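Undergrad: Keeping the supplied structure of chain C fixed, place chains D, B and A with the ligands upon it in accordance with the hints.
There are 4 protein chains.
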Amino acid sequence: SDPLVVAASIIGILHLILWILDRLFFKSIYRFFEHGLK
Amino acid sequence: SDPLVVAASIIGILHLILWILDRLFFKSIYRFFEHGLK
Amino acid sequence: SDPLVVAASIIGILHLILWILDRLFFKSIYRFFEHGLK
Amino acid sequence: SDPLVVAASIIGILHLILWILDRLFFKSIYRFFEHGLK
Ligand SMILES: C[C@@H](N)[C@]12C[C@H]3C[C@H](C[C@H](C3)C1)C2
Ligand SMILES: C[C@@H](N)[C@]12C[C@H]3C[C@H](C[C@H](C3)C1)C2
Ligand SMILES: C[C@@H](N)[C@]12C[C@H]3C[C@H](C[C@H](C3)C1)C2
Ligand SMILES: C[C@@H](N)[C@]12C[C@H]3C[C@H](C[C@H](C3)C1)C2
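Line by line, the protein sequences give chains C, D, B and A.
So the number in the authors' numbering is just where the residue sits in the first sequence, counting from 1, plus 22.
So the number in the authors' numbering is just where the residue sits in the second sequence, counting from 1, plus 22.
So the number in the authors' numbering is just where the residue sits in the third sequence, counting from 1, plus 22.
So the number in the authors' numbering is just where the residue sits in the fourth sequence, counting from 1, plus 22.
So that you can see chain C by itself, here it is in the shape it has in the complex:
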């Protein structure tokens, strides 16, 4: 038992899925250029 490990293995899966979820890499770069300037 001791779910402490269970939460540990899941915390690792989270950061992983999250990393990719953030690096998804989207197209359309002009949009970002417009967000910075006008």
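Everything labelled a hint here was simulated from the structure, so no lab data went into it.
Among these hints, one or two may not hold up.
In this list, chains with the same sequence are indistinguishable; a pair is considered to hold if it fits within one copy or across any two.
[As the list claims (entries may be wrong)] In silico SDA-like links for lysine to any residue, alpha-carbon gap of 20 Å or less:
#1 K49 x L38
#2 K49 x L59
#3 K60 x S50
TA: What follows is chains D, B and A with the ligands alone, placed relative to chain C:
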């Protein structure tokens, strides 16, 4: 049951909350432009 | 008997080799500047 | 001694000091601009 795991699960909670902390900087691109140039 | 940890230590080895692998490939900025301003 | 965890907690300590250490390298942005140009 030893603390070794306690520090492990916590080390994950940190790296995670941290990375997300840097991602909340979404947008705000003009600041990066003025930072590079003069 | 308790592979839960085995999968945990491996989940970290992945996220790790990943972040690094992504840091070895991220140059090519002129291609983004063009594909964007079009 | 079930070192499996020892390697796990250490694998996390690395990924952490790494992400940060990498965040202390990117100092100015004019370097990325000169990289793309040409
Ligand atoms: C998460 C991201 N850095 C990626 C995901 C896939 C694996 C690696 C190369 C490419 C495709 C990008 C790393
Ligand atoms: C960590 C960050 N990229 C976000 C934050 C919020 C949760 C996840 C999707 C989206 C919104 C982006 C992850
Ligand atoms: C993973 C990457 N950012 C590196 C890897 C090595 C350690 C840090 C400096 C340099 C060499 C680049 C971070
Ligand atoms: C490494 C990065 N997450 C930061 C950079 C600055 C120092 C620390 C807190 C905050 C601002 C985030 C660490």
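Undergrad: Please go over all the hints and tell whether each is borne out by the structure.
TA: Hints and how they fare:
When the C-alpha separation of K49 and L38 is checked against a cutoff of 20 Å, the pair qualifies only within one copy, where the shortest distance is 19 Å, while the shortest distance between copies is 23 Å. Taking the shortest alpha-carbon separations for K49 and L59, both the intra-copy value of 18 Å and the inter-copy value of 11 Å come in at or below 20 Å. Proximity of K60 and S50 under a CA criterion of 20 Å is satisfied in both settings, with 16 Å inside one chain copy and 10 Å between copies.
The structure fails none of the hints (numbered hints given earlier).
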